[PDB]
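Chain by chain, the residues:
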Amino acid sequence: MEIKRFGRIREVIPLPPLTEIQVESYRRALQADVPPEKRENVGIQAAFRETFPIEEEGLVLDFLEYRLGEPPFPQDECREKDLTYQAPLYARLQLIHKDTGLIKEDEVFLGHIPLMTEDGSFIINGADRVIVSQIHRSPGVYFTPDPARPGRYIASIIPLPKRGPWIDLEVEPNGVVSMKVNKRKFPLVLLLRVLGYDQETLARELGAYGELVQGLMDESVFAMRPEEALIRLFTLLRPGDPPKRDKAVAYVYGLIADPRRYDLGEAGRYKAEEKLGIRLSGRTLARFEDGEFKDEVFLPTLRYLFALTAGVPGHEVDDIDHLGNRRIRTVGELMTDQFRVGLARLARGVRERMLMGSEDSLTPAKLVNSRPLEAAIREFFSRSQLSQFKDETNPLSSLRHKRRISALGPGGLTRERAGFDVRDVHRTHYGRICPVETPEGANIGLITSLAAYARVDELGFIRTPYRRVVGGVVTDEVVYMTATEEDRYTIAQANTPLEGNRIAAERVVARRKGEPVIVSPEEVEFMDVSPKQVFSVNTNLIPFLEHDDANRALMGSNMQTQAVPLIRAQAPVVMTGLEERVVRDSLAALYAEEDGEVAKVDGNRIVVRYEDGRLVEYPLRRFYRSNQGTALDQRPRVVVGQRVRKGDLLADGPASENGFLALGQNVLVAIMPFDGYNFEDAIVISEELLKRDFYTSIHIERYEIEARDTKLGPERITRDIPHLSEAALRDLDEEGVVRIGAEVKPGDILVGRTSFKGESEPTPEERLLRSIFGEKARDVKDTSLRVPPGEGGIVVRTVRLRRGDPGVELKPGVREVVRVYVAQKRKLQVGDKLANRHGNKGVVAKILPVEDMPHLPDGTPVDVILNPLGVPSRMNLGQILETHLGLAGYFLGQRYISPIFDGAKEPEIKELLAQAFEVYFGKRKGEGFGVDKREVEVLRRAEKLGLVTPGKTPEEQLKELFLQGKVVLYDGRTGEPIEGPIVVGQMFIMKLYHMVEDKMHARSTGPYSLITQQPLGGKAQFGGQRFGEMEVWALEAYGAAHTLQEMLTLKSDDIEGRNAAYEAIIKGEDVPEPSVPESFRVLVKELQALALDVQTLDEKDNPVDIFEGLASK
Amino acid sequence: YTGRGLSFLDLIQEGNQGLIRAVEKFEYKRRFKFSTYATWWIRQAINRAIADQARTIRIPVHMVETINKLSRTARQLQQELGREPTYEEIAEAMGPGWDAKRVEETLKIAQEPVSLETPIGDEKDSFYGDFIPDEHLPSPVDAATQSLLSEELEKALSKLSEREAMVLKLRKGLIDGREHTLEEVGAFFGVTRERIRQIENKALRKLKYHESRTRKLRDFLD
Amino acid sequence: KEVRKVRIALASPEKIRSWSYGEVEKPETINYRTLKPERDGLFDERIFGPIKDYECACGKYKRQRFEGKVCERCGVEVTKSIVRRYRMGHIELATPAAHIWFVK
Amino acid sequence: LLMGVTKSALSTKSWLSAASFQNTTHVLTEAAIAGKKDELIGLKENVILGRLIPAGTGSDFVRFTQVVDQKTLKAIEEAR
Amino acid sequence: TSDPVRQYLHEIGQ
Amino acid sequence: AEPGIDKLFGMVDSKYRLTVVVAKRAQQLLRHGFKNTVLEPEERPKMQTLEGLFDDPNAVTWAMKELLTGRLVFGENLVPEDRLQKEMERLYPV
Amino acid sequence: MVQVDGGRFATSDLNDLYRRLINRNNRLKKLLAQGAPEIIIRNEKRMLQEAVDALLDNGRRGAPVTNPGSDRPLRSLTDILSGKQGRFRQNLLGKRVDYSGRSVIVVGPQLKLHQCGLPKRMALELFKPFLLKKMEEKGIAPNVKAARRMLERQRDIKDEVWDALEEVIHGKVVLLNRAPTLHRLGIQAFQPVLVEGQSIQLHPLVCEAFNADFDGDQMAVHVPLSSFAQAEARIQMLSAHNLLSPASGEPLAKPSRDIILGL
Amino acid sequence: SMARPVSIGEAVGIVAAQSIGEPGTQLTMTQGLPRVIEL
DNA sequence: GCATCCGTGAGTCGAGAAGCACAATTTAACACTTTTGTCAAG
DNA sequence: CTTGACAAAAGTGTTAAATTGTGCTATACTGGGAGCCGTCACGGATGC
Ligand SMILES: [Mg+2]
Ligand SMILES: [Zn+2]
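Chains as they are written, first to last, in PDB author numbering: chain A, 1 to 57, 63 to 1118; chain B, 202 to 423; chain C, 3 to 106; chain D, 1420 to 1499; chain E, 77 to 90; chain F, 2 to 95; chain G, 527 to 789; chain H, 1210 to 1238, 1253 to 1262.
Careful, some of the hints might be misleading.
Claimed, not checked - Using 27 Å as the maximum straight-line C-alpha spacing, the simulated DSS-like pairs for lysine-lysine come out as follows:
1. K571/G x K28/C
2. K226/B x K555/G
3. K1090/A x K1456/D
4. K1432/D x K3/C
5. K1072/A x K698/G
6. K610/G x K1024/A
7. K54/C x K373/B
8. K64/C x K373/B
9. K38/C x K1090/A
10. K82/C x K762/A
11. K64/C x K716/A
12. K957/A x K928/A
13. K1024/A x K671/G
14. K106/C x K188/A
15. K7/C x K1105/A
16. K106/C x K1090/A
17. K716/A x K54/C
18. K47/F x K66/F
19. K1090/A x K1432/D
20. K87/F x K1490/D
21. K25/F x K3/C
22. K370/B x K64/C
23. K1118/A x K17/C
Stated by the list, open to error - Example chain G residues on the side facing chain C (calculated, C-beta under 7 Å, incomplete):
24. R545
25. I548
26. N551
27. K571
28. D583
Derived from the structure by calculation, the hints contain no laboratory data.
Backbone N, C-alpha and C define an ideal beta-carbon position, used for all residues, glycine too.
Sequences are here, hints too, so could you generate the full structure?
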């Protein structure tokens, strides 16, 4: 199947490492490879240097360096034993006695730091996890207009999240500038005096403007000395506390000038200098040096606000949603923030402990208690909103999860404080955030994906590449620029014609600050690398994307992440060119490291002898269960003695075909209604698909049981289960666990367990029954593990853990734990969900025999029938174009690569269809066959519809139809042709992870809740269906008084009613009348607990007892 | 003493109780300043209150000291072993009378209860209490079998003589009362405490004969 | 009869004491070792009723024959355990405390 | 007087229905002081108590209908 | 007023 | 649609009164074991089983068919409930 | 205060709120008996007053009380009865019910307007109590207890159970519901037709009323039990009886996309 | 729903709310649904 | 009158860190004593 | 209908380990610590 390539754009740079956002950030934070003396002040290194040294105020605890040890266990062991993949962390601390002048040094074990795998994920408690990046407002100084009063602007100062309060500077209508801190307003002149500012200094700086300065001059404050104003400001900020110089300076110093409480950050400091045109000494608003406060940003900020209000041309307001004002916190930044928090608590203990207890005889290891730090790190990786369970249905599912950007999370917008402003597609998203991909629903616009070519820089600002254009000729110098920097240039479009390297089009379509314009080549300064940089990786896999409505491309990209790996998956006929890179960068396949020869090939391992002479053995992951239950295994793609070059493919990973991302199958598709089985998105498929194992997947399920210690006695996992026949215990081995390879259906026993019976006397009737048969009640009862309804398969594995095992940390009271893995091979069936890359999805509603499907004149039946009525409303015409190219490739035996926005066009497709007709019809003539009688009838009808030219021979008229993608299709039931030509072709259809097998659920009776006594919820607990308000309103509107009353009492929580209803039914009688529900009784008792006397009365106002006298004294 | 189960104001009030006691015992003759002696009592009360009021399931003061000492030992070993110590290391460090089993038991005693309103999920829409079944009240299935058995047993006893059925019901407690001893039953019918056994055992045989010939009463034996 | 109306009204201290089957005097819930309810606690059996049907805490009465009886050794009434869902206690405040609903 | 749906719903004569809609604290406290009595006129009040709603087959108009065949009716007639 | 700890500290300072 | 539903709706002044009559008649039929039916032997509803035709076990189906015949009397305050059941017991012992 | 599984106790927040009130009330009694100064007594009473407020309504006055080592506020009596998750709107105005199922829906064009396709395995569980009586009536099982044991294991179900199940559901109807139920025609009664598979077959003409397409939607199944419940469903709620829209009076079950195209 | 006089005992109040509120999602969120809510 | 504050709402399914002394109180053991329940004898 | 015998099983009783509750330390110590933050809108109500 030779691959044909379409397109004209030549890209100068390849796609960057797709997971470098998750990987590069964590390397920078840890710095575990650089020598200790070469480490820079970033990551956890800055966290150490910030808190330390800890001074008692003559004991000093200083920090020298840190190091990371080797992980106790490998990744594979951690997953099996439910461990966390981490490395020990040690710090070199030395105690210095300022009094004596002595130093004592030793290395202290601080805890464990979780490690990141090669693909960019963590193993937390044996489960793969991913830390999602967060987008928030960049720290700095901003100037937005006042919404209440036109002509007024407000200056805001924003620190790093949870590293200071937000300051606001506003010019009051009186003319007095007001500063708001912690919701408290006061005159900024008071603080300005605290910084040692005189009236002349303000006048000389802020006086060259309108009347604004005059409102900033109050003689009462200026006469007050800076220390005098310090105390009064303390009273204003927090009244009540005794005004003291010691207290007042401490509060003010730490409010705006403590480098351990207020951190503007590198991004905030860099933004402040860029906007105000100043150089900040540090990352704090004010400096407390030499027993005095020195201003850093307060005066410059006031200058900008004054000039902006005055109306100087060079000053402008800021856009909060501008992508230059919004930054991304990667995994490295998020973790180090929690590391700093935990480190602070450890310092509090070091202090509170260094002033109490045998102070002279102290060592660094004694003062330090790391338990606080180990908890902050453990909490973040386990109980955080950004630490999410990894999604690994297919290789593309996990890759996207690592490139997701979320505005939610701790320190971010909620789903109520989120409004249209934050969910819109800003003009600066071009080349940085995908505009189409997003979760449809209540989180639309709140979760997004990084663009293909974008890369987050050091400060957290997304950058995109542009080609430098000099002198009207395009150069190869690629420049990465942020949104704020990108606004200063005229940027042409990637599809601009080029006669080599010089722009050929006289009129060039470009962008100036996000607004399209038409310019000449001399005015263009930059160019786009390619159309791919505008969309995410998932949207770059949709061919003919320019023909699809945006609302439907969003569904197509999202559904690609839900496809299951198939045992016979094949790469699509029509590709975009990213199918190879996605597999390579997802680390699912196996590739040769360097030139060599294959020495041994096996279904379990591959041994390669490289050029340098060393032998490398690569174990293959076989039938491994992912987080979603899908099976992930690698299949060798080489033979012994084969020479492999560097980077060659050695073994296919899950969902790939010869290194190409293959998520589904290529099927012959006919677009036509079929007897109503296509109604409203349903699909009709042929039985031939099931015969050749198309769309067959393997799924693995895990079941776990435990044997614990009890006051009555210990549970024992045994095969000697009481009151069980040999038929039920046939497949259990001597140890009580099911034998490997056995087939288990619902109700079967997986692992047999017996538990001691709680001491309780039997009922008198039961005692009489035992006496008759002479059976003594045993001391144990059956509590084994059985297959839940609707499940089953073949037992493939059993893992047994016992207390005292190496690395097995079982919870107290648990003697052992047993795990059973059951695998089932699922075929396509009615109710399963299929889809394609263009947003067309539906559930299979019929499986026809091969002799019922419409067939081509040469006898080939079609595989799938799609209703054409789904196209016109959705305007996703990409699928129609994909089918036309598929039909041409079906007869020519070739595959195509058509890049999005630069690829195959109808003139090119129709030329291929001309070649395909020669093979499709030329073969028939050679065999000695003319034109069918039925084909002539359809041609007569087709010419009446204007589809074919009158006066042409049947062969030429048939060719005209073929060039349109239509063929004469016969009916398998009658044998007569379909009255009109039908569009047949080859389409790539994926099988989604939502299956009816896992969703069907039913219940008559089962577990009930504790307090309300209503049925539980969920399939796992065997719960009932929720009959909410809206469903109650429907029964009320219908007038079904008796049907409603049952759903409320007999079937939900009427303890007496439900017991009697079941007994009546099995006895052949009619259900009795319901009574008062148990939920109303709960409400009455809870109202009484509030000291409210709720009484139910009768017709004559006489009290009525609804508790049956159980509550009457 | 904050961050140990009791709020800041609760600690102050517990301290005030200790301070009142110090005034009762403080002897000014010894020439020691009040804060020297009063500090002992204040700390004792703030520490006793924590032991008695910091847990939902109260633990004796002696056990609280044992648990805290166990935590101290198990944390010294951690930073000394460079990893979490096993139960054997903790037991050996504690001293005589401590083994691996005891260390585990003491740790199962120090487990706090888990709230029923802890959310599970991103939204505040699901809680622990929604997943805990009620296993006390009999289910509709179990109630039905109890009533069915009584109906089938009642008919079976109808085949026996009138007195034998009363003998079995009384001796077996079918009258809602505990099994009345032969004697007690003998006084009921004024007969020996051996005659009741002879008729009771005889009738119990006839019920055995009928069930074997009908097999209408075996499915209830579980 | 049948319920025809539902009335709500304030509860006086006298009425609240009429509801209660006994005063809760200790904050103890259950014993940390035997796991049985503690006397005078929030789960006391002598106040809110027996845990299991027709069985006093001391285990001297164990049958329905003594229904409505109050064991002398413990004080636990011999009745159904469902009463434990319908019976209330009360706490005698040292000083009056206002109801927040009628204040804020 | 004219008022919106919320105010017109919160000022209903039944505390049981008003309490379940909104302002539970406000509604319950105001009713407790006055000692209000809900006559169970609407549909929400009967739903909460689990009774038969006074609509459709549960209405007093049609709830008391009797059906009897010819033979038994004659027997009762003559048995008079 | 709204802070019990702040109110108590003021009372004992008299 | 249920057979003869249009005819049934026109026999009552309120569609909810029809449901009450149908539901009450079904209870009477079940309680007396279909021995009080006003249907002749050739009119009794039947269900097709593997063994053969058998009487329909659904009582609601019987009540609807009986109403269409017109041999039933329905209304309010026809006869006292106590005496209505006692006569039905005597006429058709159960 | 339950013992979950066989490990760890689970307790409600009301226990913590009650304990705080009792601890402070008992402490106040001790302080009063010792003749403590007014400053100590006044503080104790204020704390006791605040303890009651949190028990009755936590958060209304002051900062909410939270459990040790957590920032999750305790659940007071007021919060139990109020809000979308309160007693009124969660357990009184709506409930979870027995004899209810759920599954994916697919289009059945051969069905009549009053029929639906119900999977056999769903019908076996929904109609279990009726099925057990039918099995006992015939020779399938000796008694109800023996019959129930048979259905527990999937390999112990004989082929006569499916014939008995066909007799049980004869004439009966079930209610199909698709959320959100925006009007009354979101819950309709159909006559089940046992089918092989795991998806519910829905008539094409009733899709518009349900607003349901076949791209992966799901429906819930409810079984009215008594004669009154069955009579109402078969008369008032039947799909073939509700043909006009209550809102406007125009037809609501009418020809749709593919039917209009053919005609 | 039946094209005939309403039968006594019908819950016309619930039908009015469902009829008015059902087409709410079709009303483009002084115009659209916001206009109805203020009315 | 206005402002300024402050409460009340904002769709539905499912699947997700003290120690020790000594006294007061309870549980465990081994002893006896006394009802039970059985067994050769009519 | 019982008869005297056995063999307990159950009940009572004292002891002694074992758990649990309570009181006491004497250099001088004398007002806490975390928040910091993108909503929108009516009612509906004090205040000047
Ligand atoms: Mg849909
Ligand atoms: Zn007792």
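Hint by hint, here is what the structure shows:
1. Proposed proximity of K571/G and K28/C is supported: the alpha carbons are some 19 Å apart, at most 27 Å.
2. Restraint check for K226/B and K555/G: satisfied, since their Cα atoms lie roughly 22 Å apart, inside the 27 Å limit.
3. Pair hint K1090/A plus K1456/D holds up; C-alpha atoms about 18 Å apart against a cutoff of 27 Å.
4. About 25 Å separates the Cα atoms of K1432/D and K3/C, which keeps this hinted pair within 27 Å; it holds.
5. At roughly 18 Å between alpha-carbon atoms, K1072/A and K698/G fall within 27 Å of each other, so this suggested pair holds.
6. Proximity of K610/G to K1024/A is assessed by CA-CA distance (about 23 Å); at most 27 Å being required, the pair is judged to hold.
7. Taking the CA atoms of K54/C and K373/B, the gap is near 21 Å; set against the 27 Å cutoff, the hint holds.
8. Between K64/C and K373/B the CA atoms are separated by roughly 15 Å; this keeps the pair inside 27 Å, and the hint holds.
9. Pair hint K38/C plus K1090/A holds up; C-alpha atoms about 24 Å apart against a cutoff of 27 Å.
10. With a C-alpha separation of about 22 Å, the suggested pairing of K82/C with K762/A holds against the 27 Å cut-off.
11. Taking the CA atoms of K64/C and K716/A, the gap is about 22 Å. The hint holds against a cut of 27 Å.
12. Taken as a hint, the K957/A and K928/A pair is honoured in the structure, with Cα atoms around 21 Å apart against an allowance of 27 Å.
13. Taking the CA atoms of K1024/A and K671/G, the gap is near 25 Å; set against the 27 Å cutoff, the hint holds.
14. Between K106/C and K188/A the alpha-carbon distance is near 24 Å, which keeps this suggested pair within the 27 Å criterion.
15. With a C-alpha separation of about 10 Å, the suggested pairing of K7/C with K1105/A holds against the 27 Å cut-off.
16. Distance check on the hinted pair: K106/C and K1090/A sit about 24 Å apart at the alpha-carbon level, within 27 Å; holds.
17. Between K716/A and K54/C, the direct Cα distance comes to roughly 19 Å. Compliance with the 27 Å bound is thereby established for this hinted pair.
18. This hinted pair checks out: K47/F and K66/F have alpha carbons roughly 12 Å apart, not beyond 27 Å.
19. At most 27 Å may separate the alpha-carbon atoms for a hinted pair to count; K1090/A and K1432/D meet this at roughly 23 Å.
20. Restraint check for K87/F and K1490/D: satisfied, since their Cα atoms lie roughly 13 Å apart, inside the 27 Å limit.
21. In summary, the hint linking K25/F to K3/C is supported, as the alpha carbons are separated by about 23 Å, within the 27 Å threshold.
22. For the hint pairing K370/B with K64/C, the CA-to-CA distance comes to about 17 Å; that is within 27 Å, so the pair holds.
23. The straight-line distance between the Cα atoms of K1118/A and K17/C is roughly 12 Å, inside the 27 Å bound, and the hint therefore holds.
24. Here the hint on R545/G is kept, as its CB sits about 4 Å from the closest CB of chain C, short of 7 Å.
25. Given hint, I548/G at the interface with chain C, holds; its Cβ is 4 Å from that chain's nearest Cβ, closer than 7 Å.
26. The closest approach between the C-beta of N551/G and any C-beta of chain C is roughly 6 Å, which is under the 7 Å cut-off, so the hint is satisfied.
27. The beta carbon of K571/G comes within 6 Å of a beta carbon in chain C, closer than 7 Å, and the hint placing it at the interface holds.
28. Hint status for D583/G: holds, given a least beta-carbon distance of 5 Å to chain C, under 7 Å.
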